[PDB]
Structures are given as C-alpha cells and as structure tokens.
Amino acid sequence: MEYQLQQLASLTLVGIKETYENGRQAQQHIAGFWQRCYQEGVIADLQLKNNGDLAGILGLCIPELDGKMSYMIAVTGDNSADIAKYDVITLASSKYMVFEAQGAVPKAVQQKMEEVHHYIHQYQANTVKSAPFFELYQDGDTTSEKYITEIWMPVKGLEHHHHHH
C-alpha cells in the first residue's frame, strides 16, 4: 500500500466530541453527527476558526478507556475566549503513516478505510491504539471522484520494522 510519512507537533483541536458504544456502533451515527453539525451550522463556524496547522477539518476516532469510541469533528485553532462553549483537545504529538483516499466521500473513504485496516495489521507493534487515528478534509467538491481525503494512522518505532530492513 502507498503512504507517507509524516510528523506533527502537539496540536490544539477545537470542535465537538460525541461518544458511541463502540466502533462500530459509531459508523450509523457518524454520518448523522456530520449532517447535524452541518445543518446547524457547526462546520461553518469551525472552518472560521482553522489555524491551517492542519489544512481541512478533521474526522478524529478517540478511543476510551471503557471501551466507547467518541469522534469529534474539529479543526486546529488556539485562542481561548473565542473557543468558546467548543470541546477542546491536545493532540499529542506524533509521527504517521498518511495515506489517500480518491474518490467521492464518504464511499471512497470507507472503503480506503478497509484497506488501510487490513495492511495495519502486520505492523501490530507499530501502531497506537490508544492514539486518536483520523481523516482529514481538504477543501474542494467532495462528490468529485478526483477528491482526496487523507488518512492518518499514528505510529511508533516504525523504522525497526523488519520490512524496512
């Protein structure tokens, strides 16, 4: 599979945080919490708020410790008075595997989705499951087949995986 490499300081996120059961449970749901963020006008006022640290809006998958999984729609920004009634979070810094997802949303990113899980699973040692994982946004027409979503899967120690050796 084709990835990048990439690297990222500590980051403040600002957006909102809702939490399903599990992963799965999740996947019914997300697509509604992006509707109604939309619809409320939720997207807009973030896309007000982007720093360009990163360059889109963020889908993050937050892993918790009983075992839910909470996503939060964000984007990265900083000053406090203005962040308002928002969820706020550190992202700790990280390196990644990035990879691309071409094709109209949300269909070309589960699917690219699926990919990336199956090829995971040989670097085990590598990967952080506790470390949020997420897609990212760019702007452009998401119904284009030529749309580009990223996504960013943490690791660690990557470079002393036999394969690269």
Given for the second form:
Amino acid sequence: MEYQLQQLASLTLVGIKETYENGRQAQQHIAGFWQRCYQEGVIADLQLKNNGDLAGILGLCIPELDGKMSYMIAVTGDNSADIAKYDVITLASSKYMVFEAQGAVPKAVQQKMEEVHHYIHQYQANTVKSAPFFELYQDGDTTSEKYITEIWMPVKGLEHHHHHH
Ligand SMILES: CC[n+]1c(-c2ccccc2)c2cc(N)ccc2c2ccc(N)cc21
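Would you generate the structure of this protein in the form solved in complex with ethidium, following the form solved without ethidium above?
Full complex below, order starting with the chain above.
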C-alpha cells in the first residue's frame, strides 16, 4: 500500500471532543457530530483559529482508558487565546504513516480505513494503539471524487521492521 512518512512535533489542538462506547458506536455518531458542528457554526469558528501548523481540520480518534472511544474535531491552534469554550489538548510528537483516500467523503474515507487497518496488521510492533490517529481534511469540495483525505497513523521504530531490510 502507498504511504508517506511524516513526523510531527508537539502540537496544541483546539476543538470539541465527544466520547462514545466503542469504535462501532463512534462510526454511527461521527457523521452526526460533524453535522452538528457545521450547523452550530463550530467549524467556521475553528477554521478562523488555526495557526497554520497543519492545513485543514482534524478528526482524531482517541482511545480512552476504560475501553471507550473518543472523537475530536479540531485544528492546530495557538495556546495564547482565552479559549474558554473549547476543549484543548496537546498532541505528542510522533512519526506517522500517512495514507490517502481519494473520493467523496465519507465513503471514500471509510473504505480506505478498512484497507489501512488491514495493511497495518503486519506492523504490530510499530503501530501505537494508545496514540491518537486522525483524518486530515484540507480545504476543497468533499463531494468531488477527486478529493483527498489524509489518514495519519502513528508509529514507533518503523525503521527496524524487517520489510525494510
Ligand atoms: C456528516 C458528513 N461529513 C461531512 C459533511 C458533508 C456534507 C456537509 C457537511 C459536512 C464532512 C465535511 C468535512 N468538511 C470534513 C469531514 C466530514 C465528515 C467526516 C466524517 C464523517 N463521517 C462525515 C462527514
């Protein structure tokens, strides 16, 4: 499968985080969460705030300690803002395997994701389960079947994988 290696320094993310029972339940409600965020003007507001560290809006899947799964819609933002209403988190530095989904959101993303999970099955010692993974949505028309969504999966010690020697 095609992917690019990218690295990120520590980042501050601003947005809204919701929590669901598990991965399956999250998929049922994520589309709704996005719909609610757009309708209430949250997306527009968050878009004003990105300092440009990452281009776009992020949809992060965050594992919770009790087995629950959280989803956060956010942008990379500056710490120096009052920022009372929004949820804020620090995304720890990491290296990632970055994949692309070409197509209309979100079906193109879901199908690409099933594929990604299957592919990373072979990199069990390198993937980081407790670490957040995310979809990055750049400016553009989601509807177009030429639209590209980036999927960022965090990894550790990937250089040591035998397939790379
Ligand atoms: C809920 C559909 N929807 C929309 C969307 C589509 C049409 C109008 C408004 C939002 C969306 C729009 C942007 N920019 C970025 C991500 C998503 C998204 C992501 C996941 C999902 N599961 C549904 C999603």
